[PDB]
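K.L.:
As a plain string of letters, each chain reads:
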Amino acid sequence: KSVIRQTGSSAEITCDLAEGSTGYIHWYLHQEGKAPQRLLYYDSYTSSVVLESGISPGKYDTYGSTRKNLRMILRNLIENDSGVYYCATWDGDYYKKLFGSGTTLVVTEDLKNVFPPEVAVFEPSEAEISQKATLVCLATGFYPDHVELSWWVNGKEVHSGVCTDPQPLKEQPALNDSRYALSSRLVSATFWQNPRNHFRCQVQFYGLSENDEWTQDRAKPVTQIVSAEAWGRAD
Amino acid sequence: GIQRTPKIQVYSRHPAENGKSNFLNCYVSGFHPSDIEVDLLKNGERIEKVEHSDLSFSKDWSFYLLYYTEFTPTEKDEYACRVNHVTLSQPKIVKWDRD
Amino acid sequence: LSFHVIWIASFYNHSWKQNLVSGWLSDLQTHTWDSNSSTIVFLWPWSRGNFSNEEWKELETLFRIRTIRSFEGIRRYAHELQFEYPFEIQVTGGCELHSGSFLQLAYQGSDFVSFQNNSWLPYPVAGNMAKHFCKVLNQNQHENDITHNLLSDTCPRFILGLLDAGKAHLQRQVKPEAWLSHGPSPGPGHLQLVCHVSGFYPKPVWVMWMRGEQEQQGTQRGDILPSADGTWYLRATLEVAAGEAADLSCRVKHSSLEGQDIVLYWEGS
Amino acid sequence: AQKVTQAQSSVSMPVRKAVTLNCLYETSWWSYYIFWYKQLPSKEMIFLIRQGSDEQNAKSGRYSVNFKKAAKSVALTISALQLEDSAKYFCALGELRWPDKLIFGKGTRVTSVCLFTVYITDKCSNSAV
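Chains as they are written, first to last, in the working numbering: chain W, 41 to 275; chain P, 4 to 102; chain X, 13 to 281; chain A, 18 to 146.
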């Protein structure tokens, strides 16, 4: 769902489709601000991989010999060809072109600039009952700006009573290589007045893997789970 | 520059005679976009089960197709041949002149 | 007088192509190809010619590997040869009576390249694309040997067998049939007299409006159109001044009428 | 030889209302569908409605289309507005006889520390921080 890679290396995106009503399969690239376009399509009946318009031949290849488990590998990555990548195929009726899930691909110059989040719970207003309370955790200092976040109070997943800031806002907007942050503002009066209620707001961060090289003096930002802890008082 | 409009010609194999079966031929010639919607119309409705010839081209590499169907004409029925094509702003309809 | 094979490769989109192969003897068609079964469909009993039952299979295998390899070099060379979607490719090849062998190719309706003697030659007007296309076609020398073998040797020895076995169907004679009718008026105080003729074979005919023995020279003879049964059709019109027209007739001469002209006399009521 | 674009980039409408999204297309075809798609914030893409050429006006469930084929315009009219259906939307177009790739528009987006229930955040009671 999320892949991070450096410039000049290779990347393989695996996309999924509902069972297979598959004839020819197409790949589309989506970039925020611009319009999505098709890069290439794969004809499995003859293993034909033809590009489109002014696309550099050999840059993109596809070999997934399965209706639902199909792969596309893009090579010699640059800082430009980064975005969401979809797989699509038409219906049996050819009336609707069904699309896949989509893999978010981000590319950076050096294998640094990636860092895990900094999630912690803050102190709300002292008014509180004077009959509601709102505890919030902020995840900041993480790049790329694609993480998952939940609350997990009392050892149970949260479902309702929370709206999460969908678009993470970059801490330093001038240089487009810094980190971003997002909020998770989320309770009744009697719940937090009870000093036995636990909040373990957690963030799932996507990063590198074991096969990735690491040279910086800090820790390698592998896919991690960073969580905070908080409780309540009586006065 | 290299988009040619088809020539549509409508004719009957046999003289028109109410109650007797006959054949209606529509002939599209002289086009090179090469993809076209030829339809025969009976009182406005699209006629189904219309057979054609295998597509081919002439010396100037211009494409011609023959489309035909059997039918029994009446006094109140009027027929036409409708053509939709790249080089056409609207579908061109050619009627069958019966005296 | 000539037998030729045509090939129509239409690339409507990157993932949409349709190639049609057909074998024609002048106007009428005699063979067809079916990629579903990769076999040659003979359209007439005599359309097999004087060829062996074996080398017909050897030809249909040579065709299927040739049509499948050819129809796939395009879209691999689509960017290469600067072919713009959508586009069309057309090819004609055959031989004539008594014995010139021809083979020509068309891209986007215009003459692109041609095959002469034993090589692919570009048309000078076609530009530099044809030169590139000629070079890629001139690359493998076995194919051009195989092509030249077909055009020089197989085509004449086949057309001789085809015309011989088709003698009963080539010089068969079908009598015409005519009916007169009204046409769109060409103006005010003017009528249009139309003389339809249909059902004749072969194409050579003679049709003209008449006044006694004076051929009315204002006779507008139309095109000869097919009728899906081997016969033809032709309408001849004539414009008159709303009068001095009730004495007009349409005369038809054909090689099947055995010297008895069909004559129809205008009524106008 | 085709182009598809959308004018507005981000709008907002009251809950339980009716809103529309226009789309302009310059096409040289006589047989084609144009579709509307829904891009969720999680990048998921969902089909919405299918119409085009001479195919009446498509109302396939709680959503209609204003079809101006003479002026080459299509507007996706979504009535009985749901607060849930708040995502991005993209306008696509493709050939009828030979279905192949689609040409899309630019998209139409639809919508210590102290919170007023350095950072700016966004709103989603109001929970902006």
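No wet-lab data here; the hints were simulated from the structure. For each residue, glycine too, the CB sits at the ideal point set by N, CA and C. It cannot be assumed that every hint is accurate.
[Stated by the list, open to error] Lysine to any residue pairs mimicking SDA-like chemistry, simulated, CA-CA at most 20 Å apart:
| hint | chain 1 | residue 1 | chain 2 | residue 2 |
| --- | --- | --- | --- | --- |
| 1 | W | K74 | A | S77 |
| 2 | X | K29 | W | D185 |
| 3 | W | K210 | W | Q233 |
| 4 | W | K74 | A | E43 |
| 5 | W | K136 | A | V130 |
| 6 | A | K105 | A | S27 |
| 7 | P | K10 | X | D235 |
| 8 | W | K136 | A | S77 |
| 9 | W | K74 | W | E92 |
| 10 | A | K123 | W | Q77 |
[Claimed, not checked] Each pair of labels, with its calculated beta carbon distance range:
| hint | chain 1 | residue 1 | chain 2 | residue 2 | range |
| --- | --- | --- | --- | --- | --- |
| 11 | X | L71 | W | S93 | 52 to 62 Å |
| 12 | W | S93 | P | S59 | 29 to 39 Å |
| 13 | P | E81 | A | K89 | 29 to 39 Å |
K.L.:
Would you list, in rising numerical order, the hints stated earlier that this structure does not obey?
P.N.:
1, 2, 3, 5 and 11
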